[PDB]
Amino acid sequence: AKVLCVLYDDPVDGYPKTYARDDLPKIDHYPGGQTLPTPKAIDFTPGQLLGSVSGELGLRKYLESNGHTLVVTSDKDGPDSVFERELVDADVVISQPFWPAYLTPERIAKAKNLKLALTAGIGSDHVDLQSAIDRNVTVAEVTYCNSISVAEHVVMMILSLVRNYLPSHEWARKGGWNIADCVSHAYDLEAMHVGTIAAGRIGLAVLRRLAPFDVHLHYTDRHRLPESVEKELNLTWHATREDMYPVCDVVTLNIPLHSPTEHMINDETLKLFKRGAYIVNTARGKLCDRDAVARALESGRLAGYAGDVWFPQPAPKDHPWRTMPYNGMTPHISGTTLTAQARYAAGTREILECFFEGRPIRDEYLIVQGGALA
């Protein structure tokens, strides 16, 4: 079988020979009881860069020693890409949400051998599920692999925005001091009101991490949490987003998106936010209208905006979110720390081991199986 794996580029100075640490902290299960990936062996050392082209998710020795071929590339866009060329006979397709190879209906029609579409990470919005069903293609992902990673990124960005960390650090780097210039936009997070639009794996990990900061926690969702959990973390429920925005000092947008309406945060909806509110958006770039946010930060209606998702993606070099006032942006990297890479590389092999050996793939990994959802 031919396995076609799309990964992002190597570092500027080349693939790393040495790393900052020797191993990763021991973790056994996710919050809720789901165990970490359980392949029968790995050919990488946890902590290596696996999501880049030279890392190959640690898969080559496993597949080549079993008679399979592995084609790794970063060229994924357009009909003339390496991906679309190798896709015609590819049995398995692997890519990450951070550098995704889209399986459009057109492309699936061209994939005459396709049997398995594997997401090295979380999310399958790049895969047309209807075409997979019609072609009996299995669609799986490594569920829960980086949910905690995203939650850490969010809490860090909340603190950085409220406390004015990034301009303050620049004063240190440029050789200045300027205490008053640092702190005239700096607040404590304590006792602020923080709300999340979804209480999933990410949203609930964020809620638990914000609690000891003595903030007032709010949330909306499709579906309420048990009042067991609402009691434990002393949460306020809102039936709609719009009911939650005006009471919140900080709003975080994560997945799952109940109603993915593009531009659901725009100039009109931003009138519902308190003056000087903060938004942290890791869900999707087009959830917020690009210029409404930029206007809001330049006018002071928003006191800060941070996130790692953009539109378009990757962002052009003059994207306003790169340099607008009081932004805490990073590239799309939050769920691909070296730690998260070890988990979804292990999960990728566990899925490939189950697939090639004819064993059942984990129930929680499956999105589409044998011609229907799973």
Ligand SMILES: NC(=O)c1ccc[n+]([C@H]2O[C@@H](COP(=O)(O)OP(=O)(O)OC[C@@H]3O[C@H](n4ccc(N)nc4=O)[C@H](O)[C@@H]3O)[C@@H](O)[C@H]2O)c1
The other form holds:
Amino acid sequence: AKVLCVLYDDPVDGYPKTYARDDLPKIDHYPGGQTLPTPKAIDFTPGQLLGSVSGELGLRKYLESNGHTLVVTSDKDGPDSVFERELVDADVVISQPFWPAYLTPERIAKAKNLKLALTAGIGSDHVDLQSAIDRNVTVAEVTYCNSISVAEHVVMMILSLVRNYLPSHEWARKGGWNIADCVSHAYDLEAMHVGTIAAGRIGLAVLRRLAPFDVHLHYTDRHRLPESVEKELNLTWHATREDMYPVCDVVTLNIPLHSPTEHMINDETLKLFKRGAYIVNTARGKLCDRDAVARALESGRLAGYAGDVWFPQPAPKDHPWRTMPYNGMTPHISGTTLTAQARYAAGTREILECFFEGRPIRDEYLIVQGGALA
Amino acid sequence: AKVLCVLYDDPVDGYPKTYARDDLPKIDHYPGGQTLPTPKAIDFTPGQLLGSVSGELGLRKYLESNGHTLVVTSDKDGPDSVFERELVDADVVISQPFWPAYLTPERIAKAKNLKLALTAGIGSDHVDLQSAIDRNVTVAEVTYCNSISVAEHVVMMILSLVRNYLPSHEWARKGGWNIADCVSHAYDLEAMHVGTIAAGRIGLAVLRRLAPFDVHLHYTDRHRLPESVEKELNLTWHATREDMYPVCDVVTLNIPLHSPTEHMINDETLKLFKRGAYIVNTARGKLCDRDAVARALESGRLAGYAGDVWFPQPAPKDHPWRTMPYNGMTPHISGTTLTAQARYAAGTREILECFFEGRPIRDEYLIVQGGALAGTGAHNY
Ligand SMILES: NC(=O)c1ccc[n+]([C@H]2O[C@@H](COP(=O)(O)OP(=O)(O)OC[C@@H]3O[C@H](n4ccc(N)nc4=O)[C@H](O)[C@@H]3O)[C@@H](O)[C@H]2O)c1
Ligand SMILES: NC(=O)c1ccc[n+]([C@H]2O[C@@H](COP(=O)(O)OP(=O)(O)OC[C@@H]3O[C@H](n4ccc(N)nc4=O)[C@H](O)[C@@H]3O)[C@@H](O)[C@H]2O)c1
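If the one shown is the form deposited without this ligand, what is the structure of the form solved in complex with this ligand?
So here's everything in the complex, that chain up top.
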């Protein structure tokens, strides 16, 4: 079979020959009991760069030694991409949400052999699910592989915005000192009201890490949490997002982007936020109207915004979120630490092994199978 | 009476006209039950810049309306400084560890009227305690006022080093994307081994904040914690510092600086750390030999270093920690957030009210009183 795998580019200084550390922490299962991926074997050392073209998700020897072909590229955009001209006879397509190969209806129609669309990561918003359903394409993902990774990124960004870390580091880096310039915008997180707009895998992991900071925890969600979970984390439940905003010092978005959530944060809904609120958004860029956020920071209504997701992605060189006041942005990376890569590269192999051997792919990995949602 | 107060400079654009928010979160007590400062009144709005010269810790109206003198300056260094010239007849001296007015024996000898030496913050190492004891000068500080503030700074810094935040944010600010360049040095914190070199007010609050990150917690200290605290946080105790380093992915320094602790992190003790360890040091700059750390980061021995404390301070413009690879430095600020200033300004006023009204200063505030090491001060020995 032919496996077409889209990964991001190597470092500009070349694929790393050495790494900062020798191994990764041992982890057995995710919160809730789902075990980490269980492939038959791996041909990589956990901790190597696996999500770039030269890393190949550690798949090449496994695939080729079983008679399959592996084509790896980073050129995925538009009809002229290597991805598209290679797609037409691909049996399996793999990409990561941080550098996604979109499977539009038109593209899936060109893909005459497509049997499996695998997300090396979490979240197949880049795949048209109806087209997969109609064409009996299996859609799978490495569930839970980077939920904790994002949750760490979120709490890191909350602390950094509230305490004014990034400007302070600039003062130290450029040779200054300037205590008052650092702290005239710096507060403690302790006892602030913090709310998350969803409490799924990421949101719940965020809430748990926030708890010993002695913040007041709020959340909303389409499905309310177990009362025992509300009890153990002292959660205040809000029926709607708009009920939650005005009482929160910090709001983190961990909700999916779909029709009722597009531009949910805009010029009108920002008027409901307390003066000096902070917003962290590792979910999707379009949850927030790009310029309303920038205006809110320029006018001093928000005291900070931080996240790793943008619209569009990759962000153009002039994207305003890069330079607006009190931003804590990174490129789209929170779910592709080396640690997370080791998990979903192992999960990618595990799923391929199952698919080729006819064994059932774990239920939790499945998004579409046998012509319907699964 | 005459109150002499040393504060740091106002911001470059002047004293702030507005702030990001209108108020501060309501807090009742510190961990352990000690209540927040309780002055009879405050002449400031919590959240204002109070630790700079124009902020005057919000003391002028209280002092002047009671017949007192308030002199506020930033010139603290040397015998011709404003501080030393005004010292000779000052009844009370106030300064912050962030810009501390040293009370050497010679200076305390010149301070003919000195009755109370107040630290607006935590850490009176700038006051010669023996000279204070001999001269029956009361030495006090606003205990616990910024312990949590520093603990937050630490976990923020641990996360930022481990996840490679600062380089990644640079890629975003400068117009790049460069995913592989961001994450070739980025890991998750989860399940790493993290240890603190002391488990006092900051060190224990750091431990509690790290727990739900599912790290494996280690610590050392001169006096171990209650076994019940060890149990509820799953702590691994180490009898010595040198035993703890080799098993930790992250080590945070939360120990005081004195002679047995000076340059405890050096070329020789760094050889005990795992390759790619991280160090966070919000404690004191001279806990680390400056160039040993700088060497350890060029060689990849450490994978990141971050803190807000330096030696000397203020750090000279060319200080290598400012620019060395994988550093997360800030200036010395973690304990002087606007939130922390509000508490220590209120505590300062509370102490002055006690001192002037003849009522006793809280025992937990006392370091030296009545000619002997006292209160919190006697507790540290
Ligand atoms: N590297 C990154 O930046 C990154 C990395 C990995 C993953 N992600 C993604 O993960 C998602 C949210 O995080 P998630 O935890 O993975 O999603 P999930 O576990 O399925 O559950 C949350 C749910 O919220 C729901 N819901 C739905 C609709 C609605 N109108 N109301 C709701 O409330 C429902 O209730 C449920 O609780 C994305 O937005 C994004 O963050 C981002
Ligand atoms: N803005 C800042 O940068 C900032 C702000 C506020 C405060 N600080 C300071 O905070 C201290 C950390 O201390 P502390 O956390 O404030 O509370 P503490 O009295 O000190 O407890 C720790 C103790 O450790 C002890 N010990 C002692 C000696 C020894 N040889 N072995 C020991 O083990 C003993 O056992 C005890 O438990 C300073 O270094 C510095 O960081 C920094």
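In this text, rigid core is short for the largest set of C-alphas that superpose within 1.5 Å between two forms. Residue numbers count along the first chain shown, from 1. Residues that one form lacks are left out of the comparison.
Conformational change between these two forms, one of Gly285, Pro167, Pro256, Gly123, C-alpha moving 2 Å or more after core fit = It is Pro256.
Superpose on the rigid core and then read off how far the CA of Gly347 has moved between these two forms, in Å.
-> The shift comes out to 0.1 Å.
Once the rigid core is superposed, tell me how far the Cα of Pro312 moves between these two forms, in Å to one decimal.
-> For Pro312, the alpha-carbon shift amounts to 1.0 Å.
Once the rigid core is superposed, list every run of three or more consecutive common residues with all C-alpha shifts of 2 angstroms or more between these two forms, in sequence order.
-> Shifted segment: only 255-261.
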